[PDB]
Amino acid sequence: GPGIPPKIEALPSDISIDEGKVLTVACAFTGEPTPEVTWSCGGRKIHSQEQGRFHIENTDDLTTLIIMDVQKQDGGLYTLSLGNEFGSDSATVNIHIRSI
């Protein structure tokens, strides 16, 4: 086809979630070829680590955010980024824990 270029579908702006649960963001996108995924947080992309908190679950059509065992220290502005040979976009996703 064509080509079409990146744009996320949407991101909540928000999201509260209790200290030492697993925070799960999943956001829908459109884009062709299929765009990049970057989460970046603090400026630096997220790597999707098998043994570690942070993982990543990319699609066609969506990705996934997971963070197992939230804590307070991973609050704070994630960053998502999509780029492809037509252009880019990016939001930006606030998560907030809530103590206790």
Second form
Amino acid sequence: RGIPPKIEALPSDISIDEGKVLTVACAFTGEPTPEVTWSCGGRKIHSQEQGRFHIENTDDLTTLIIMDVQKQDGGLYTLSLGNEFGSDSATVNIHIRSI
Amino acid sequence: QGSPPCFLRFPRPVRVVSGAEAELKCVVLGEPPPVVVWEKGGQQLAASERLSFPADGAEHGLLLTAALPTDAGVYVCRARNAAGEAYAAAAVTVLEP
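Let's compare: the form deposited without the partner chain is above, so bring in the form deposited with the partner chain bound.
The complete assembly is shown below, putting the previous chain first.
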């Protein structure tokens, strides 16, 4: 039963045009089910941050949704997982196109 | 501008013996129906005699006729329509017979 968390695959780089909706989904494993943390700039992303960010988690999938994407939403995002038996982390670099 | 792309079914990893068929599979929704692509290393893949991308309505697939070790790695399913984009990655692991 003591199995550390594992982030399955996550794109390294993704792009979205300003003003559109971005969705990035990522599967994971772990026993017990891990706590999920998304962050950018060393700051946790919260539900309805700026009235636009959302995080929908299930027991094996985490989905980050950014509505009405704005130029300041860019950067290197980290997904981290933790449980009693270990941790995992991976990054996706989110690029906002002004075009 | 309609409804942005999302995953009804998410592409799970595939662990496959060298020489076996492998397929990554998902079901993408959105309005208009999203154009889907599969990329590897940030490059859009091209159909060939060993790699195909069967599409049927919301179902999109990445099908390898006979997996080889060099097929291992992370693949990205990128869905786009007018309202937005959705991204899901999945890993192919190829095992020795």
